[PDB]
Amino acid sequence: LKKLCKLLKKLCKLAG
Amino acid sequence: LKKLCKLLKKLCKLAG
Amino acid sequence: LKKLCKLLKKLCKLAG
Amino acid sequence: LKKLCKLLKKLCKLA
Amino acid sequence: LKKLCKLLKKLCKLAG
Amino acid sequence: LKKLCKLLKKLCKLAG
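Residue numbers (the working numbering), protein chains in the order written: chain B, 26 to 41; chain Y, 26 to 41; chain X, 26 to 41; chain E, 16 to 30; chain D, 26 to 41; chain W, 26 to 41.
A few of these clues could be false.
[Said to hold, decoys possible] Straight-line alpha carbon distances no greater than 27 Å define the calculated DSSO-like cross-link-like pairs of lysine-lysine that follow:
| hint | chain 1 | residue 1 | chain 2 | residue 2 |
| --- | --- | --- | --- | --- |
| 1 | D | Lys-35 | X | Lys-34 |
| 2 | D | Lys-34 | W | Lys-35 |
| 3 | D | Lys-38 | D | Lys-28 |
| 4 | X | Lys-27 | B | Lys-27 |
| 5 | D | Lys-38 | D | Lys-27 |
| 6 | B | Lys-35 | E | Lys-18 |
| 7 | X | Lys-35 | E | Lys-25 |
| 8 | Y | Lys-28 | W | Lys-38 |
| 9 | Y | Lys-35 | D | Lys-31 |
[Unchecked claim] In silico negatives: residues of chain D with every beta carbon more than 10 Å from chain W:
| hint | residue |
| --- | --- |
| 10 | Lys-34 |
| 11 | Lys-35 |
| 12 | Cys-37 |
| 13 | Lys-38 |
| 14 | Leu-39 |
| 15 | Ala-40 |
| 16 | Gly-41 |
Bear in mind the hints are in silico, worked out from the structure with no lab data behind them.
Heads up, the beta-carbon is just placed ideally off N, CA and C, and yes, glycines get one too.
Given these sequences and hints, build the entire structure.
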């Protein structure tokens with residue numbers, strides 16, 4: 026999923 | 026495994 | 026996203 | 016929960 | 026990486 | 026945390 030992969034990416038950015 | 030769940034929880038905590 | 030973390034938390038809880 | 020697990024299964028399988 | 030895919034698979038297996 | 030995110034990015038980049 027491109028949606029699952031976009032959400033994981035935004036979780037990483039918000040956490041960093 | 027119990028380590029992965031700990032990192033996923035902390036990622037979310039920081040993300041939030 | 027809040028649901029992903031929420032689904033990931035349930036996944037980790039059921040597994041432990 | 017189960018759809019996510021298949022998406023994860025599908026992600027690892029697609030890589 | 027191959028180790029991540031293995032734990033995710035274990036997390037799901039156990040959680041069901 | 027940073028390692029997990031780097032791996033997830035790759036999994037997502039390799040997958041598509």
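Against the structure, the hints:
no.: 1; hint: D:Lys-35 to X:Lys-34; result: holds (15 Å)
no.: 2; hint: D:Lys-34 to W:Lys-35; result: holds (17 Å)
no.: 3; hint: D:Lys-38 to D:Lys-28; result: holds (15 Å)
no.: 4; hint: X:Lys-27 to B:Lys-27; result: holds (17 Å)
no.: 5; hint: D:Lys-38 to D:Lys-27; result: holds (17 Å)
no.: 6; hint: B:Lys-35 to E:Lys-18; result: holds (20 Å)
no.: 7; hint: X:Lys-35 to E:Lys-25; result: holds (20 Å)
no.: 8; hint: Y:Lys-28 to W:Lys-38; result: holds (24 Å)
no.: 9; hint: Y:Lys-35 to D:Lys-31; result: holds (20 Å)
no.: 10; hint: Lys-34; result: holds (13 Å)
no.: 11; hint: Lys-35; result: holds (16 Å)
no.: 12; hint: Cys-37; result: holds (15 Å)
no.: 13; hint: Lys-38; result: holds (18 Å)
no.: 14; hint: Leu-39; result: holds (19 Å)
no.: 15; hint: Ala-40; result: holds (19 Å)
no.: 16; hint: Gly-41; result: holds (22 Å)
When held up to the earlier numbered hints, the structure conflicts with none and fits them all.
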